[PDB]
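All chains, please: the whole structure from these sequences, using the hints.
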Amino acid sequence: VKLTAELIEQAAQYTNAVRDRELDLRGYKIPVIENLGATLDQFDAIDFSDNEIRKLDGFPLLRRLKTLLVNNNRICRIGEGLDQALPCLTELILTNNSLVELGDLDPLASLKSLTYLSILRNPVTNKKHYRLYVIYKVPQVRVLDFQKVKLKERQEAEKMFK
Amino acid sequence: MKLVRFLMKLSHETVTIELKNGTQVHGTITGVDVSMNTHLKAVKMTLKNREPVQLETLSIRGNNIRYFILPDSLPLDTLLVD
Amino acid sequence: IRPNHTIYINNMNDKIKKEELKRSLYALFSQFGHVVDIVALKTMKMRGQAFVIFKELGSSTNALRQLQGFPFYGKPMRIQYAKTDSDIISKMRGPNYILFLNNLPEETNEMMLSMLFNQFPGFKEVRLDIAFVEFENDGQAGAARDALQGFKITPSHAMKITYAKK
Amino acid sequence: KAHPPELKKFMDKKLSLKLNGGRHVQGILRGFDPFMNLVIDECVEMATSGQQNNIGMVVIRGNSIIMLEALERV
Amino acid sequence: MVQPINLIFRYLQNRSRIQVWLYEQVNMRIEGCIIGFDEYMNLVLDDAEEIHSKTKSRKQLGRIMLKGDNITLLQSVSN
Amino acid sequence: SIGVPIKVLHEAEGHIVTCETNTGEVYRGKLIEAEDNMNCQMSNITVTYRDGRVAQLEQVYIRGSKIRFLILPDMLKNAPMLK
Amino acid sequence: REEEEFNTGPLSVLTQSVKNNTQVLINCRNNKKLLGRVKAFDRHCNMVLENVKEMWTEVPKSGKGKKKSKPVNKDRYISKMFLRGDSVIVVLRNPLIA
Amino acid sequence: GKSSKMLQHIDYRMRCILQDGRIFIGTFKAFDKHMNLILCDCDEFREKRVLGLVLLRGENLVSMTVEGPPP
Amino acid sequence: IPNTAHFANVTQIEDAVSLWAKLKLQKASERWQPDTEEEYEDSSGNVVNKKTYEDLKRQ
RNA sequence: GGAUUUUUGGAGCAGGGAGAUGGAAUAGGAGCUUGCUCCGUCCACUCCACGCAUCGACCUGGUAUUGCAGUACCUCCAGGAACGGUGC
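Protein chains in written order, with UniProt numbering: chain U, 2 to 163; chain A, 1 to 82; chain X, 3 to 96, 149 to 182, 188 to 225; chain H, 3 to 76; chain Y, 14 to 92; chain L, 2 to 84; chain G, 19 to 116; chain P, 4 to 49, 63 to 87; chain V, 440 to 498.
Simulated from the structure, these hints should not be mistaken for lab results. Possibly wrong hints are sitting among the right ones.
Claimed, not checked - Mimicking DSS-like on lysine-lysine, the simulated pairs with C-alpha atoms at most 25 Å apart in a straight line are:
1. U:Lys153 with X:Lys77
2. P:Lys5 with L:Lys67
3. G:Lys50 with G:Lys92
4. P:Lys64 with A:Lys48
Stated by the list, open to error - Listed next, the stretches of chain L that the computed footprint assigns to chain P, with coverage defined by at least 3 CB atoms under 8 Å from CB atoms of chain P:
5. 3-17
6. 30-40
Virtual Cβ for every residue (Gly too), placed ideally from N, Cα, C.
Okay, here's the thing in structure tokens:
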């Protein structure tokens, strides 16, 4: 059950709780996120929860994409061309993923508009100084794992590994 | 006598419309109503100090249109006869 | 308190904005299921509290069980079931196959037993301190037997659900 | 057509009217009109510095009327 | 209930000096004696004067036919 | 003689709505009187403008001449507004 | 009634432009003056003209920037155009075709 | 004649541009002779502003175009 | 609605639904007249239908 | 069916002054390249008149509320002022 144009044209699309145009693509078990050109950047949020996506890549240019729900998936790697395809990506929910190393968070630093990031329920969050490395690598993010970044955490991230 | 009947008979013609804010929209006129509601298809709009954008459809009101631009090969002498 | 599609979380940080807290609650509730509505106020009566109403009651129950006492913006929010039904949900609404129930309350009618069995999909019939519930599907009957084993309904007594024999 | 505005409840009440260009006046209404023209007897207009100047009975047209707020409980 | 047309007729019969403020123009106003009116609020001022509040000057013009689409507020003065 | 947005605005009288004027003034409150010419008379209204001067007044009246837009709740967008 | 008012009032000044085929100027609210021959008119001053020349003046509008450079005037020509009577501010008839 | 220019875009998401430079993207449900647009669950872009059901008057409308497929 | 002889002279919608409902399987000819009265007590209790007594005696 | 609430528009235009202040990589003219001098276009800082006052959104610290609802917005104190509009 791969993501095609007929699956995106038959999927439900409505208004979310934040008054944004969201398309519900849950319950599809798509192994790879592709063929997203049929939406023509008419959705403000993408609900791709409960899927089997392994890599968050292969997305076309969508300037209206501001929220991406990748919860309950097996995402273990992030694409390096995420900034060239989503310049206005501000919300990224990557809870309960397959990220084990902090080096997968290195392509996530290119998103300058990203402010809300969720990396909870992951083996990469259980490593030593994971939050300090995420604050040092991504200074544009203001809320990490439902927690506001303070000045002391930014000073601790800028002190170590400088 | 009435310019609305002359504007309504100018369908399927590539014209341009300049608004009061400096935005010029060039496209094929497909629908004209009694209130000068210009409905065009495959138009190109250029605003003031902005980039031109191409749209598949556009609907401009009559009160927002400041000036119009017709081609030189338009039969204005034959279309004026009611 | 009976389980419902709306889960109310309280004891949260009231210093954040309303839209940011609503977006954070929606991003927290999207991992457990589709969030239909999010009611969040910042007045003197509803300070520091919000609620999320989902489509399915099982996703709301899983979000209330998993995020019970989770730290939200520095303060551990407490999640619980709603007292009344939501307006959006009211607007949108309007192993073996046989399972043996023991220690059931006699004051409960057939409508309460149907609402308790409605977490599982459509069953064949219901029989009425002992009760017998038979489902049309074997996996649905197994999920209903695994879910109702020690359920929180009429807390003066404890309800026990077991599989029927031949 | 040509229905008059519902100004029967605001009759003989002290209200503040806003006019175009950022003008503010306060006075008691003495009548109504279908063209949204209001007669304010003993009206006082607010200047730019903040001083109130009494202009007496004035007539405000509906073409520049922005918002009228009743200062008395009707 | 006092009608605005009846008040304008009483002001034209009394021949008192009235000041008219323009629409979207607070710097310059007019002042004069309204002689007659019409349905479109067209005022005919005899020996009218344009008063500029910014420059504190007054320029007389005489017989002026002011349209009702520009006059926003009209007040009665003692001068 | 009566329009469908005019009928939707007349049917939404008595609910907590808002009216944003052309100058940016947002009069919010319960729509007590709504005529066919977009005349909105509200009681216990609140002024939240584009200037931001938020205040509370007993009664307000905004005409349809300088009215830019109106924000209404979504309780009447289902029925009988489905055509 | 309407024809006598159109041939005896100010619209006759428009009617002398289409009958004798004379050139008149129209100054709009966008600080532009278009001189041309009026071909079609109406009661709402909807002027459809041919062989028009529109002149105006424009500023660089922070083109390069540092505090010494002047605006300039410009002009253009159109084969056939149509302008509504709302944007028409001034209409001047002068013997310029001869 | 047919007057099907406004009926073909009924129950669809359209983005209307205002005179001051604002853009309202909403589902057009009904209209009138004064071009009164009723945009249910509309977004305001110029930044994103949560508005919802916005009833904009026809005097502040400039242009309108199709945004996407109907929900 | 099934093609019944009683609905021959009928020519409407709401009336057709009312006929298909009222003229449906009424109280007459019920579900075989279920009366099990299982032996779980042997002296009282007989409201168990054909399925209640079966589930009571199976387990 | 161009005379006040919708469609023949009341719209257009310009951002205070000064200083031997600083820059036009590839884009000004003249004294007929390059170096220099003069004059009608910005941004950054400083000074006078942080252009002024207002309220809303917002950041730091301290502090209060533990409350079951369908919402313009919601505790208070102090500092800073990146944003919006109102009148001069």
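Here is how each hint holds up against the structure:
no.: 1; hint: U:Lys153 with X:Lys77; result: holds (19 Å)
no.: 2; hint: P:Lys5 with L:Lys67; result: violated (33 Å)
no.: 3; hint: G:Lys50 with G:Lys92; result: holds (10 Å)
no.: 4; hint: P:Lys64 with A:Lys48; result: holds (23 Å)
no.: 5; hint: 3-17; result: holds (count 6)
no.: 6; hint: 30-40; result: violated (count 1)
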